[PDB]
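First, one chain by itself: the form deposited in one PDB entry, in structure tokens.
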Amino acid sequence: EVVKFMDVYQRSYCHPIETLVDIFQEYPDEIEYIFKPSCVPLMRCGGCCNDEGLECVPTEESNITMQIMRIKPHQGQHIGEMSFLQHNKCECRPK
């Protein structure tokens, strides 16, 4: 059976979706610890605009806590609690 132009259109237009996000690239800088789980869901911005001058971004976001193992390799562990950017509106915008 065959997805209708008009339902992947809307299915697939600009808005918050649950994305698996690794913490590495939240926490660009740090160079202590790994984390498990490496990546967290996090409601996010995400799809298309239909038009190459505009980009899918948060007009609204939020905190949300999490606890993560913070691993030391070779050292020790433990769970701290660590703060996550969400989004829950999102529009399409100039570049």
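Residue numbers count along the first chain shown, from 1. Each form is matched to the other, and the largest set of C-alpha atoms that superpose within 1.5 Å is called the rigid core. What changes on going to the form deposited in another entry:
Once you line up the core between the two forms, the Cα of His74 ends up 2 Å or more from where it was.
What would you give as the form deposited in another entry, now that the form deposited in one PDB entry is on the page?
Left out here are the partners and the other molecules; the chain alone remains.
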């Protein structure tokens, strides 16, 4: 039950993958609040390139909207809509 080479290469080469991302990364302006959940799942470019002088970066972006709980200290728990950026295609470019 060893994973064969071309399978390994194909599954690791630069493409959009489901990545759990802290909401504060996307909304650093709203650092005073607490969010539930604190992490959200987003298609983002990752994996490797043929060379260690190339980076995996996106070429087509898009937005998705999710319901997130937001708590301000000495204030209420609100559930509300927040928008996040997703990556649809990726390319290997020089670093």
